[PDB]
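Removed from the display is one protein chain of the complex; every other protein chain stays in position.
As written, the chains take the letters A, B, C, D, E and F, and residue 1 is the first residue of each chain.
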Amino acid sequence: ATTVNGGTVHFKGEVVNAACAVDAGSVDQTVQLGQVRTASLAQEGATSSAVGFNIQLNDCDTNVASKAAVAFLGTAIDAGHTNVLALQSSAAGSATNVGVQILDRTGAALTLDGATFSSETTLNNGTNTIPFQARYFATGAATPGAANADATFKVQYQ
Amino acid sequence: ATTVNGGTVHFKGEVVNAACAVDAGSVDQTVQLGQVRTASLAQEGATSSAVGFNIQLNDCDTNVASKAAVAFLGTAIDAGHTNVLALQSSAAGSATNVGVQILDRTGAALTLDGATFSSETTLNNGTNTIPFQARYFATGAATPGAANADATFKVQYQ
Amino acid sequence: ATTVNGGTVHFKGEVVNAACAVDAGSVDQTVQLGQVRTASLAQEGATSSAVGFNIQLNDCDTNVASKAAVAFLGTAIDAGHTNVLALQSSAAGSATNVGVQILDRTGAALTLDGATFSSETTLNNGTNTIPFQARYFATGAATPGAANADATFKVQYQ
Amino acid sequence: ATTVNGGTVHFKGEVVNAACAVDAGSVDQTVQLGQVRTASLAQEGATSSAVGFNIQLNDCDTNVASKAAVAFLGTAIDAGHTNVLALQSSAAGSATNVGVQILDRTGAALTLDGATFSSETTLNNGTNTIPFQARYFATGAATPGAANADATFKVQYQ
Amino acid sequence: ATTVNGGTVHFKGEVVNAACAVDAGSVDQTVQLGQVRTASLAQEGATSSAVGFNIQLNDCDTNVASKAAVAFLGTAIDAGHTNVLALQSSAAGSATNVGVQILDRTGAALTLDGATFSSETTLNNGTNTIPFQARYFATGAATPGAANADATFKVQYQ
Amino acid sequence: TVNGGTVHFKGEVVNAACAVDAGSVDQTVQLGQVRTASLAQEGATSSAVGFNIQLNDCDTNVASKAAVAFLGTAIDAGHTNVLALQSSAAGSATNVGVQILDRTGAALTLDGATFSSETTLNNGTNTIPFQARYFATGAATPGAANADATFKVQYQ
Partner (left out) sequence: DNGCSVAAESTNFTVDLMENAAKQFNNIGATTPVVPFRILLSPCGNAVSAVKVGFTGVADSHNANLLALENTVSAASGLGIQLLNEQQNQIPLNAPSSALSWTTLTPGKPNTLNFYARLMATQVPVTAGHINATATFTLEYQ
């Protein structure tokens, strides 16, 4: 009977010529690092506790590539810290002298350039979960404020 | 004391004469299908897995209409495949020989002409959820690239 | 003395004119089916073992309604099998020729149309528990992959 | 080797002599009200449900100002209804006898003239969030059509 | 060998100058109130049962502050009921004459003002948990609908 | 009626490795709102807002790395990396300018020829991150702080 205007739906995806495919819940995810005290980040090199996230690969094939690595691209805090990611919340109220650091399964910080790939993990025929961690890193004496960032990643199969 | 120009708020909505009102999250949604390999889409009629989404209708009255059906409208990928939706061509680097296919609650693909309503779902007073799905359909041998798409739906109450 | 901001709390609920109220843990629950060998799902009609889940109804009044039934709604695997729920997961790495069947108190699979209701269970004042089961159903020869699915239920009181 | 023209980027912002700074996501925001029924808005004074939108104030210094208020400005639907906001004109057809009514944290409508500020909210140091609600208000018997609106707001710091 | 685009990751957090840090699971949490019946909320001032939610503070230093209190901010329902939260889901299909109400560790309703703090809880070094409850308060004869409400809290240290 | 004059047009269509996304060719970056207390002295910078230039249909057999060079109006001599603000009818902020950083956190020179750090490319979709701040050349003044800068992509 009555026909209504309804609404709209947008589909977001990508087709890749690769051994695996990145999961729908992993292509875009939000990681809640929580909240950190300025006392925990009080001097150069101080790190907070790490919140663990992971990237899921579906439809993997070991006859095409038996190992996978992930490379991260983002804005470094400065030229002296190429593995720390700057905070880009807004133009006011962001924290100072602190940036998010990303660690692979080896517990080592990753360079944010898109060309330094992490430690290669062996794949299964099927679902594979690659674990990562994210913490806060003080490039000085941290100050109160919002601490949000954003980084892109790419996957290399060998 | 100090009055400062803050900003602007834009309110978007629609008054409709119907039995139900589409939810604020369903009138405009962004479903993320995720990545898919070209091996799964290497031949005509090859379909990837189907991600699930749903449309929520609030304030339903069964004294004026006890069933609902949803019809989607979009750009068909070609004349032959009228139920396969074309990919956004507003930019370069899009996947070829592949489109997105919307499935009703019966599991069958829906013709995207705006006048073919899906299977009727019985309604109850209150909140109603109608489940749909979206997958990838290969009209040939797929090639890598972005696979975003878009559709607009209308609701019929009986 | 020192006031900071903590975060956000979102409350989700529903007010219903009924005889029983669905429990807070039953309005949204995750069922862990486990994993099944593809040898068990070798041909069409092959079924796996069943896990059990319950819907709990609180604050029941037998002076309003003495019996309760539950109907499920979801996307069927195909037109032939209307009682077999279709796997959703992501757009890659999902099991082929496999769905999930929901069985009611009597051990009979329920069609997922939203209007076919299960066997009525007699209600008592207070707390009632309606048991259901979930298993896998092979529409062909199963293939490895994720086997997640979703459905939404609806309660009728008589 | 191949320098190609890329395009342009426009940066929008504002420097203010205030005790707080309106968030980047709050300076211009889009509140999706959803859909409403003509039956729900059938007489003068009949109001729909309310959606919630928040105004965030980053980098707040309480030594400068301890409380904040927000005053909205927009075109009124009639002279009699000064707290109701007129809808924009639409090519397909806009709804009549209905507007948008903004409520503050006390659940009271706000006069949309730019001089009547809402109830004062106590601010902390740093991130602050002021909740508001948008609601449909029927000035008569509402008719179907798109119901879009816009309102500019200013912030006062005591 | 094969390098493909993976996607993006968003990191969210905040650096605070406080004795404790709000947990990653507490900075943004969802409480499932369940379903309630209009028969229960059939009169003004009639309440429902209460569900419990906790706010967890990490890395607490009792030398800095020995007590903590929490204040909640949100849209009230009426001028008379300042401690009852207003429902905000969409522009249609919400319960009428009812709102969420938050209770501190003394079992008393909290004014949703941003300045009336809850009963102080003594803090020990390390992890602390602050209990809270949420129920439904009816400002009249309640009507069926979806009852979702949101609030933001501040934590005061002494 | 008047013959006027002749306008010549020169240019080249080259085989570039990628193509700037239709979103990225013209994008508006909502920096937000800043306080004069934050921008209170020479060299004082506000917090950064991130924006991305997305490239599509990239081919690594044509070019394996990409860089972006920005061109804009400098606020002053000696502040070539600080972009001048546009003028508004009500008024614009003085002693404030938009500053565009790089993927290494270093502000770019808005000359149109000082390219940014080169990012390696993968076949398909690539994304180049950038950030924007408010750089103060003195005591800031309230007002609208809008600016605009063009950019060019060097595939190497």
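Annotations for the structure displayed:
Keep this in mind: a residue touches a chain if its C-beta (ideal position, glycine included) is under 8 Å from a C-beta of that chain, and two chains touch if they have at least 3 such contacts.
Across B:91, B:123, B:130 or B:138, the single residue that touches the chain missing here is B:91.
Touching the missing chain, out of F:120, F:150 or F:156, is residue F:150. The chain that is not drawn here is touched, among residues F:26, F:42, F:76 or F:111, by F:26.
Contact between subunit F and the unshown chain involves residues 1-16, 18-20, 25-26, 56-57, 150, 152.
Listed for subunit D, the residues touching the missing chain in the whole complex are 2-8. Mapped onto subunit B, the footprint of the missing chain covers residues 89, 91-94.
What we mean here is this: only the chains that are shown with their structure count from here on.
Each of C-E and B-E has its own count of C-beta contacts, and the greater count is at C-E.
Over half of the residue-numbered contact pairs of A-C are shared by just one pair in C-E, A-D or B-C, which is A-D. Chain geometry summary: the mean Cα position of subunit D and that of subunit F are 31 Å apart. Separating the centre of subunit D from that of subunit E, both taken as means of CA atoms, is a distance of 24 Å. Chain centres here are Cα means. That of subunit B falls 29 Å from that of subunit D.
Taken residue by residue, subunit D touches two or more other chains at 13-14, 16-19, 21-25, 27-28, 33-37, 40, 51, 58-59, 124-127, 129, 134, 136, 146, whereas all remaining positions touch fewer.
Subunit C makes touch with subunit D in their complex at residues 3-5.
If you check the complex, the residues on subunit A that touch subunit C are 13, 21, 23-25, 35, 58-60, 125-127, 144.
Subunit B makes touch with subunit A in their complex at residues 14, 16-19, 22, 26-41, 51, 53, 55, 65, 70, 72, 85, 95, 98, 100, 134, 136, 142-158.
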